[PDB]
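Can you make the complete structure from the sequences, with help from the hints?
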Amino acid sequence: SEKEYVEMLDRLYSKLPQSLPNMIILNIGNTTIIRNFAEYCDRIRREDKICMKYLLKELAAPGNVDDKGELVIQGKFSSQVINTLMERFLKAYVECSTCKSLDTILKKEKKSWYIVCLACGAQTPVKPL
Amino acid sequence: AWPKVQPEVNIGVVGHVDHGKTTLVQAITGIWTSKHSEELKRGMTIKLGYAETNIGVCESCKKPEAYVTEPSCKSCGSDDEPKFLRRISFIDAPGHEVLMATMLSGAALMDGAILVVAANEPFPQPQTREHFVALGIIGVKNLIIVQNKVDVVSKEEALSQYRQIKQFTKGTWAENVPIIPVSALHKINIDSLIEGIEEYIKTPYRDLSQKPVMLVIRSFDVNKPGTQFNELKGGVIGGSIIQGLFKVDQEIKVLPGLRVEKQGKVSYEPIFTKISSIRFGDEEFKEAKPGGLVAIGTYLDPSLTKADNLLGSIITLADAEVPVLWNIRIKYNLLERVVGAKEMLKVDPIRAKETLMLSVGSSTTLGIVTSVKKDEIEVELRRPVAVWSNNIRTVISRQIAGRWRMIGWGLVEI
RNA sequence: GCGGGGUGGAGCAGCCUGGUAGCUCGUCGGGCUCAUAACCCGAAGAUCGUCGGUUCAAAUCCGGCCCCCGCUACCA
Ligand SMILES: Nc1nc2c(ncn2[C@@H]2O[C@H](COP(=O)(O)OP(=O)(O)NP(=O)(O)O)[C@@H](O)[C@H]2O)c(=O)[nH]1
Ligand SMILES: [Mg+2]
Ligand SMILES: [Mg+2]
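Residue numbers (the authors' numbering), protein chains in the order written: chain 8, 3 to 19, 28 to 139; chain 7, 2 to 415.
Treat the hints with care, since some could be wrong.
What the hints assert, rightly or not - DSS-like, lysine-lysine: derived pairs with alpha carbons at most 25 Å apart: (1) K121 (chain 8) <-> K290 (chain 7); (2) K75 (chain 7) <-> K5 (chain 8); (3) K188 (chain 7) <-> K5 (chain 8); (4) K5 (chain 8) <-> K171 (chain 7); (5) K110 (chain 8) <-> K171 (chain 7).
Hints were generated in silico from the structure; no laboratory data involved.
Right, here's the structure in full:
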């Protein structure tokens, strides 16, 4: 068992010294088209069932996700207003308390929905909605 | 999403000064074990710390980078959520010599050990012997040896010290303790280190049958400066459970606990209470199972508990019974050399009226001997120790030039 | 809880009751003595941490701020 050091050193000698996608909300007719929703919330492990949970209540308009991952909204809205609206998801569930890394995920449970942070792991008392 | 499971295993992180110990526990957990201001301001380990993490393995990816301790697999490039195994924690010891006795406490708690060696100090450093024999007196022969800080030392010098330490393995209880090269800062090869903890250090078979005992290591008054009288929480006593388990609203006693004045002489008072909280890090569990330090707050006043007053005491069920003897007998076999010593002289056998230091589990005492026999002694103590089992692992030292270096291994026959 | 010290080579006075930056060990010069120490006299030395308000007018009333800080501990 002398090889238990050699290769481990050889690959020890190979380790020596994400951002928000620019959501472009456009409108044609009475709809809302986006560009990179297959890699906007899937950059932070956000389901298509859970990302359209609070937005349906905050816009009061029906809608669903597509097969590619894009999100279609029924209604006319500007670009930088969707974020100012969905702040109650962008700050209430996908942030942390001491790291501010944005690399966080939500949990689904039987009594509350927690904030699993891949920087620290800090949660808060909140009830899913 | 990943379950919330308390740790089921402890691992002793021991080694000499500047070895990369606290930075190793940072390499595994992401958090450090320097928690009192002096520890930072002096930059050396004075006391034992705590740190926690999980383990998940990506069933698809190759070994070992996928062995990451968070609900993610992205370091191996996979989208899958890894298989969870456990939640793993450590006992971060000091390297200093006036501070050695402390880690002996933790030696009675760990279910494993990762021992570090300095590639960038002359080997074998004196105190390394003392750590090795600490593990050998307590008897946790399960050891993972590591050479550290390899980024300044070349691969040939690393090989030479690897041969030195492969040799350090042969001829003792540790013939096959392995060496997996990592560096504690740059986060190199730590995946293979986690794999090593897993494979070679498994959690023992648990005994949920014996009277649940809690071995105190620390305690605090969480009542912050400015705490008004409406929200007063009890004083937390933290340790690790080894045999049995603890539950919410369990009726216990702290033993020995306080000193009080009794009958014209000195004695101690058994400290009775009801269990009000049991914590594992940042997760709230209603039961405490063995494996990992378990903090229990109760209906006790934290003035009796703040600032590590009761250091090392035991706590048992308020329907239990433990022998409390002011003067205890010991079967002690003497070390062949003084292990942490720069120059290893002989052991000068223990003569009557001498002063000796004991660490029982986590509790510590000074004592003077009253009846000196070759293998058996009866020593008068300044405080009675609680001996929950037969012939418990005490660790014994005599004072050398102001540094209490060990002299043998002892057994209290109750 | 946030607050204090901000000033000759120095040590602190010195506020509220605003117009001498105040006394002492020190520093150079002169007296007294046969000469030295002690004792008497004269000058030199910060010009108040700094912007700003009050104020005819400010260490002196205080605020903004730059520095030194300062009574204080892991909060399972
Ligand atoms: N480059 C490098 N520096 C390290 C590593 N581990 C620790 N250091 C740094 O080197 C110095 C000494 O290491 P230290 O962290 O004290 O290791 P230690 O064994 O825990 N020392 P002690 O237990 O006495 O407190 C510190 O400045 C520390 O940040 C490592 O793996 N690589
Ligand atoms: Mg250390
Ligand atoms: Mg004279």
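Each hint tested on the structure:
1. With a C-alpha separation of about 24 Å, the suggested pair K121 (chain 8) and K290 (chain 7) falls inside the 25 Å cut-off, and the hint holds.
2. The straight-line distance between the Cα atoms of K75 (chain 7) and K5 (chain 8) is roughly 28 Å, outside the 25 Å bound, and the hint therefore fails.
3. Annotation: proposed proximity of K188 (chain 7) to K5 (chain 8) holds, straight-line Cα distance about 22 Å (limit 25 Å).
4. With a C-alpha separation of about 17 Å, the suggested pair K5 (chain 8) and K171 (chain 7) falls inside the 25 Å cut-off, and the hint holds.
5. Using a Cα cut-off of 25 Å, the hinted pair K110 (chain 8) and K171 (chain 7) is violated, with the two alpha carbons roughly 49 Å apart.
Hints 2, 5, counting from the list given before, are not met by this structure.
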